[PDB]
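Add chain B to chain A, keeping to what the hints say.
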Amino acid sequence: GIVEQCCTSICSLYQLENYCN
Amino acid sequence: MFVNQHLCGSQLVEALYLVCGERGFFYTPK
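Chains A and B are the protein sequences, given in the same order. Numbering of the first sequence is given in PDB author numbering, commencing with residue 1 and proceeding in unit increments. Numbering of the second sequence is given in PDB author numbering, commencing with residue 0 and proceeding in unit increments.
The shape of chain B in the complex, shown without the other chains:
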């Protein structure tokens, strides 16, 4: 399942988007 993979760049942002749903999220690559 994608949550247990390497997720990089836009795939990481899209995973956050799908998992977090109405909560929204923060993406801080630092």
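In isolation and in its complexed conformation, chain A is listed as follows:
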């Protein structure tokens, strides 16, 4: 989930937008 993708590994704008409503 978002922690694995953006905290443990490097985030992206796609990763953030994937969690927008």
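Hints should not be assumed to be uniformly reliable.
Said to hold, decoys possible - Calculated cross-link-like contacts (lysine to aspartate or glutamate; reagent style DMTMM-like; alpha-carbon spacing at most 25 Å):
| no. | chain 1 | residue 1 | chain 2 | residue 2 |
| --- | --- | --- | --- | --- |
| 1 | B | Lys29 | B | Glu13 |
| 2 | B | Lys29 | A | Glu4 |
| 3 | B | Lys29 | A | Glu17 |
Stated by the list, open to error - Pair ranges (Cβ atoms, derived):
| no. | chain 1 | residue 1 | chain 2 | residue 2 | range |
| --- | --- | --- | --- | --- | --- |
| 4 | B | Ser9 | A | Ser9 | 14 to 20 Å |
| 5 | B | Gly23 | A | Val3 | 16 to 22 Å |
| 6 | B | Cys7 | A | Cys20 | 18 to 24 Å |
| 7 | A | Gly1 | B | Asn3 | 14 to 20 Å |
| 8 | B | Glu21 | A | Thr8 | 27 to 33 Å |
| 9 | A | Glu17 | B | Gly8 | 26 to 32 Å |
| 10 | B | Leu17 | A | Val3 | 17 to 23 Å |
| 11 | B | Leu17 | A | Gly1 | 15 to 21 Å |
| 12 | A | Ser9 | B | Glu21 | 25 to 31 Å |
| 13 | A | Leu13 | B | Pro28 | 16 to 22 Å |
Derived by calculation from the structure, the hints in this document are not laboratory data. Here a beta-carbon is modelled for each residue, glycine too, at the ideal position from N, C-alpha and C.
Leaving out everything else, chain B in the frame of chain A:
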């Protein structure tokens, strides 16, 4: 740019807040 960094804890929630704006977001640390 912050979107291409490690973002953890409250910095991740704040990044979601700024990027998502009026859409809002979900934060599911699992």
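Here is how each hint holds up against the structure:
Between the alpha carbons of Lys29(B) and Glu13(B) the distance comes to roughly 18 Å, so the proposed pair stays at or under 25 Å and holds. For a cut-off of 25 Å, the pair hint linking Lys29(B) to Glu4(A) stands: about 10 Å separates their Cα positions. In summary, the hint linking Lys29(B) to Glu17(A) is supported, as the alpha carbons are separated by about 18 Å, within the 25 Å threshold. A hinted range of 14 to 20 Å holds for the C-beta pair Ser9(B) and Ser9(A), which are about 19 Å apart.
At about 19 Å, the CB distance of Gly23(B) to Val3(A) agrees with the hint of 16 to 22 Å. At about 19 Å, the beta-carbon gap between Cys7(B) and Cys20(A) stays in the expected band of 18 to 24 Å. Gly1(A) and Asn3(B) have their C-beta atoms about 19 Å apart, which keeps the hinted 14 to 20 Å range intact. The given range of 27 to 33 Å is respected by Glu21(B) and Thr8(A), whose C-beta atoms sit roughly 29 Å from each other.
As the Cβ distance of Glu17(A) to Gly8(B) is approximately 20 Å, the hint placing it in 26 to 32 Å is violated. Hint check: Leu17(B) to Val3(A), Cβ distance near 18 Å, so the stated range 17 to 23 Å holds. In this structure, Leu17(B) and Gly1(A) meet the distance hint of 15 to 21 Å, their C-beta atoms being roughly 20 Å apart. In this structure the supplied range 25 to 31 Å holds for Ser9(A) paired with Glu21(B), their Cβ-Cβ distance being about 28 Å.
Range check, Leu13(A) to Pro28(B): Cβ separation about 20 Å, and the 16 to 22 Å hint holds.
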